Structure formats: structure tokens, C-alpha cells
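Worksheet: the structure to be examined is printed underneath.
Only one protein chain is missing; all other protein chains are in place.
Each chain carries a letter (A and B) given by its place in the written order, and its residues are counted from 1.
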Amino acid sequence: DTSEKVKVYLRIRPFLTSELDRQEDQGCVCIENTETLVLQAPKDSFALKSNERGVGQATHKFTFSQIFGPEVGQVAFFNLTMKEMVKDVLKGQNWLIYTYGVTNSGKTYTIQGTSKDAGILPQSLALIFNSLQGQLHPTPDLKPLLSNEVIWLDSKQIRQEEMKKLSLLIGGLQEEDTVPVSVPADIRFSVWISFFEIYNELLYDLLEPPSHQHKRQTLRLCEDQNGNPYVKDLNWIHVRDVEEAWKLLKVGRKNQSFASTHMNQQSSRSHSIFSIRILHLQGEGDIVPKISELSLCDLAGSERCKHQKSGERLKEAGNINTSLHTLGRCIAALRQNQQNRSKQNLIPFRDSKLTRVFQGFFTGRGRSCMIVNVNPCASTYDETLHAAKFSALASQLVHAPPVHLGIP
Amino acid sequence: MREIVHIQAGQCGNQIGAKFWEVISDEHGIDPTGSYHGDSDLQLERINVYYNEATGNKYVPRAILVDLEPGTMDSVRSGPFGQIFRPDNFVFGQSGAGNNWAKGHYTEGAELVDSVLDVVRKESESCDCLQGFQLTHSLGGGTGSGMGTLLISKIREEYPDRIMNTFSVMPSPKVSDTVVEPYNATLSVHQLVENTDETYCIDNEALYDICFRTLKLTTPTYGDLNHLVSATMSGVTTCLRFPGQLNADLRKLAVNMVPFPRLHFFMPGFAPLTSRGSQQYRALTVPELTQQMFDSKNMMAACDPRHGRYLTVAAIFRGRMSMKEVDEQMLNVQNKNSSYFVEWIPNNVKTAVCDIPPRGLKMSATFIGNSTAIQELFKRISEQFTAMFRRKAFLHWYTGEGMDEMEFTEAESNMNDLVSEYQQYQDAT
Partner (left out) sequence: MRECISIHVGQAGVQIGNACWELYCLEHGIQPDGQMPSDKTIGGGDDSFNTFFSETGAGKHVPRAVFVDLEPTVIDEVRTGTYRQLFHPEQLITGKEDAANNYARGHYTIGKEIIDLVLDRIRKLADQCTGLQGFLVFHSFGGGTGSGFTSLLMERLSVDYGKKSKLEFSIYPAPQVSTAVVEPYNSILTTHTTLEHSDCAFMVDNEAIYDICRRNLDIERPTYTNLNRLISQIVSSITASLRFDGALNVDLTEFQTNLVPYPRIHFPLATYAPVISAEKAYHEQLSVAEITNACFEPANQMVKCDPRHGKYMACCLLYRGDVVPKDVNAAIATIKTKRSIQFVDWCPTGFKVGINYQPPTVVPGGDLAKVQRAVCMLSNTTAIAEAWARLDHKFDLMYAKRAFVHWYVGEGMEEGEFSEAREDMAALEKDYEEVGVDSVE
């Protein structure tokens, strides 16, 4: 490869009027260049100038593949990042999107959200569907259950799936490209979607509506004939237009677990995985037509456990932390798997459920990419630093000559 | 207070449990009836780590016997220490697995796991604060391996934050008394790595070697092997029940012994061990105990540490002794044998000291080693496994119980990965 690395992408949310008046733009974050960021603590009058044991500046430089400031719009941000990746997916390859952030980082705004200012998810969905417009099979006849195998549907099974999706859509219903077609009139493109989560290292589906208080969706992680892993007994839904898929994901996120935090706010406590699989079946069709998987993973933000130390949440908090740590190690191995070093190392993907589910893409069956969204406000500065330490390609300490006070 | 719930499955598990409970009851001065006829006051200070108190000052152990088929029932209940156990904890069935992992895991054990889980929940709910569970069983067998793995899975699903400790009797390479050992061993090893906190590997060849070469016994029986394993089990958790200068528990041993989550396969050992006639010719001191522990011929795992490197070791001493001598001896062992210790851990040896020794001894010590050489015991098994799976030697028995061939292959891969995960650190770096 041409030094792929993992192609991290940092996005800075613009300041809000409701927060700028509170004196949050303290110069903590500023873009040195499109490849480097510098982070500075809220020192001087922004914090208590008294004492300050060696915290005069506390400046840290971080290296990123690309940094996108507030000047970049939603469509502009999507076009320069994911459009090439959407093209690569419609070619026939697979892809993933890791997304990391904290409250006020705007990751939920970046990936999904307002219909007008479409996020990464709806924009990619629209490009994918507009690209294959006029190449949709008349009916569903095939399930992408496994990453390399298929299940055939009869008329009764097709009707049952139709009833399933109709019941899922009608319940909880509120209000909240073609020109570069790969190969029309020779290969039909069928699109299926699934959505689940990891929670306390237990897998749980999300397309199943709230059947009962108990979440008896403990999906088991099996391995196929070739040893590739796969979640067992996961629901998949055929989609005919962009609005159906988007609405199904709103229902899935509605089912998604949420919990309060140490402010008057609510946030996710699970690693949610969304998957869209495109079956390319040529006129011949043969068996198990080509399959192309695009996945997105919204990761629970790492949060400190001192302020949160009340209730059982602490438990899941720890679990979340552990999972993310393992993920980082895997990425580090993938940043050493590069021929850059000759020793090489084993990727410890088996140490957690989340890494194990993504086995083929650390092994080399696919390509992965990461996004980190950051709140530039000073009050969250420490959190931003942690996010940088999770996602930075490299870090540098300028050593800050004004630091080391007390001593003359 | 920290309480341990004990589970034992299969013939081997039941026999080890019987000997272990005899040992512990003698340690705490408990007669076969259940009454306490000891002398020291410290014996009752922490007796409820293992026992529950009945009405008339009678103590009943927290023992659960998983598959006490009548063949093993009549041996255990009619023994010297059979009446001590609660009758309701004797869970049992008929028409056992018969050296078939599929029967233990899917067909027969699945019909009996619910009662065992009910008893386990009843026992655990009756405790003040649970430290963790303790399992004894044998791989290469039937009901033992299969239903022990099933119980481990269910228990860790129900009680994830507690400690899951297992004493597994591995199948020896040469001393074999069953033909389908590799299949059950491979599947059990696949199940254990994902669902246990610490697992001690015991091999019958090593215990026979200890009986012959060290204790000079001419006609050893399974009683002596159970005796050694029971001594190890008592020595692991000595500091949970008695005071000492430097305390430890199962969690503290685990944190100091597992650098990464999947590397939790230990080799246990015990000292002193000498013949009856040769005890008068050697003085009992800390250097002698350290020398005997770190010797390669004393380990119960049937793996030579000299073929690998010690990722991390732990020593629990029992008896009145000096801390300086212990620390100096461990430092000397580390310095003199620097080839057999990983460089990226500056200090590999954890030390704990307990004041109260065993009943008849002046000093004693228990060793828990974690080294890469353990991979050897897997590799042999894997070899035998493929020698039977390349041609489907006895595969139809397992597939006739509703268990696809893929579950075999997956297990192989996982086991192989574990071996590879232990091979990184043998190479100097």
C-alpha cells in the first residue's frame, strides 16, 4: 500500500453561541496545519493561577492524516472522505467506519442526524442507491446471512420477511451516482441491512422491537466453514429505497440502550454496529452472488469513573474502557503489520468480542478507517486530550519552557 | 468476609474433592460428623470461607458434586468423610456420557445443568460476599469435561465479576487410559480459555514421577495423587483463612500472574516432599524449599521450564520465617537463572507469607508458575487430534449427538492460536 496507516480523520465542531458567551474559546485547540494539531490546557485566568505545579502551558502536539475544521460543511466533509470509499464499496470491496467521540463532539451529527444537513450515513446511502438506480431485483430471493454464504427464500419466506419489516416499520413510527453505474443490465444489486450492539461483552440485536423487558437476544459468535467469524441468528432486512433503510436505523437507534451521566444528559453505553450488504448477482447468478459489506461502528466514549461512581453503570463503564483498550492495541498492531517493521506481531483480536467480530479486517480481508470528533470547548479539554491519545498517529511533547515553576 | 463455592464433576473430580475436604477438615479440626474438636482459636476465625454453620455447631462444606453417578456416589458417601456433605448437593443422573464430550455438553448434561445451577444459586445467595468459584474435573473424560465446561459458561454468564478458578487434570502423553482423549481435551481447552480467570494444569505422569523419584513409594495409588493435588489446593488459599506478615488472595495472585487475559494456564508445585526415611538427613530452611520448588522435577504439569521462559511466578510460604531470607532467595534465583525469565518484567516473583503452617510441618511453600513451556502440553494434544481428524477416526459418535464437524475445526484453531500466543515471548527481545 501507499502508506495507508488507518487514515484517521479528526473533526472539530464549531462553537455555539450558547457556549461562546460562557467564555469557552480559550485558545485550548488550534490547527497548526492540516496534518498536525496542538492542544493547550486552560491555564492563566481560565483556571486557578495559584499553585500550578508545572502546568504553565502543558502543550501537546498530535499528528493526524487530515484535520477538518468547522469551516467544512456536511456535504463537503462527506465528499472528500467517503466518496472514494463509497466508490470502492460499489466496486466490490468491503469497508468499515470506526467513529469515536464524547457528548458535544457532534459525532451523532456527523454520521447521521438532520435530513437537510445529511451526515455520512444518509449521504453514503443516497450515493449507493442513486448509483444502482434501475438495477434492483423485483423481489427478494436471497439472504446475506454469512459473509461468504447465502440462504435461498421461497415465496412464503419472502412474505414472512415482508410482514416482519412491515410490523417493525409501523410500530414506533413518528417523524424523527447512476451515471458512473458499475455494470447495469447485467448484474442485479440487492441491498440488505442489519444493526446490533455489544454491551458488557454480550451481543444484542436491535431490529427486534421491544418484545419484553428482558433482552433475550444473546447472539452467539460462531465460525463458518472457512473459520471466518459471524454472529448467529441476526435479523437482516431488504431495502428498496433510501427512506426505508434510514427509518429502520432510526427504529434501531430508538431500541438502542441509553443511560444518564454525571450531568443532566444522556448517552449511549454500547458499541453499536450497523452493516449494509450489497449482493451483486449477475444474469447467471450461480450460487452466493458477490457480497460487499460496508460497516459503521459507533463506539461508547471512554468516560472517567470517579464522577460516575454511583450505581451499576460503573460496571459497564469498565467494560467499555476495556473493549476500547483492546481495540487500540489491535490498531497498533495493524500500524506495525506495515512492512515498515520486519519483526511483525500477532494481532490480539481474540481478547474481546468487538475485535473478534471484526476478525477478517485485521487479518486482511478488508480495509478500515477511523473518525474522531472533538468538542473544542475548554471545559472538556481533558476529554479531548484522551481522545487524541486514543486516535493520534503520533504525539510530541514540546517540553514547554515556561513549565517548572517554583524553582527560579 | 470472602467465601468460596466448590464444584466437582466426574470420577476424578469427586475423588480429588473427597481427599481435599478430608485435608481441609483436618486443617480446621472438623470430625467426620461435622463437630469442631480442635485446639487453636484461629481455626474458627475464618472457617466460613468453606463451611456453612448448621444448628448444633455443625459445619457443612459448600461442596457441589455435579455428576455423582451411583458408582461414584457409593464410594463418596460411604467413605470416612461421606456424611459431612449435605445430601441435597449430590446432583446425579443415569446413563452417563461414556467418554463422549457431545453427550456431556449437549445431550445428557443439558438436561441436568438446571438443577446444578439452582443449587449453585442457592449456595451463592447464602453468602455474605463471594470471592469466586472453584472447579475440579478431568479433561479427556465424559461428563467431567463437557458438563464442567457447560457449568463454567453458565456460571460466568450469571456471575461475571467473580473469580473462576479451575484445577484441570490434563491427559498425559504416555500414561493414557482412554482412546478419545484428544477430542475432549481440545474442545475443553477451547471452552476454558474464554471463560476462566486462572486454571492450573495437572498431569498424572508428573505426579507419578513425584511419587517414584521424590517420595520413593513403590506402589502408588490414586490416593497419593489426590493427596498432592489437595495439598496444592490448600496451599493456594492459605492466606484467605489465616493471618500473616504479607497477605494475598486469589484476585491478588491473578493480577500478578496474568500479564494478558488469555495467558492464565499455570503449573503448580509444592514443597517440601521427601521420603519417610530421608527426612532426618536434611534441615528444613527457606533455601531448601526454594530449591525444591524451582526444580524442574517437582512440577505437576509434565512440562520442563528449561525449554521456555517464566512469564511470572508466585510463591506462598507457610510458617514463621524471615522476610529478608525469602526476598534474598528469590532475588538469587532470578539472578542466577536469568536465561529463564522474561526481560520485559523487571521482577517476576510474587511473594506471600502466612504464619500458620500445616499441622505436622515447620515450614512449607506452594509455587504457581506461568511459563511458555506449557504450550508443549497443548502441542502434543493437537498432534494427536489431527492424527484422528485427518481420517475421522471416531467422529460419528460425536456427530450422532447433533454436533457439526466445524466445531472441531474451530477448537483446533483456537488452541493453535493459544500456542502461538505463548510463542511470542519465548524468543528473546
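Some notes on this structure:
In this text, a residue touches a chain if its C-beta (ideal position, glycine included) is under 8 Å from a C-beta of that chain, and two chains touch if they have at least 3 such contacts.
Residue-wise, the contact with the chain that is not shown comes from A:318, picked out of A:318, A:364 or A:402. Only one of the listed residues, A:116, A:214, A:306 or A:343, touches the absent chain: A:306. Considering the whole complex, the residue from B:351, B:399, B:423 or B:426 that touches the absent chain is B:351. Contact between subunit A and the unshown chain involves residues 51, 53-54, 302, 304-306, 308-309, 314, 317-319, 321-322, 325-326, 328-329, 351, 385-386, 389, 397, 403-404, 406-407.
Seen across the whole complex, the unshown chain contacts subunit B at 1-2, 45-46, 128-129, 131, 239, 242-247, 249, 251-252, 254-256, 259-261, 312, 322-325, 327-328, 331, 343-352.
In this section, only the chains that are shown with their structure count from here on.
Subunit A and subunit B have centres, each the mean of its CA atoms, that are 43 Å apart. The residues of subunit A lying in touch with subunit B in their complex are 200, 222-225, 227, 315, 343, 345-346, 348, 350-351. Against subunit A, the residues of subunit B that register as touching in their complex are 160-161, 260-262, 406, 409-410, 413-414, 417, 420-421, 424, 429.
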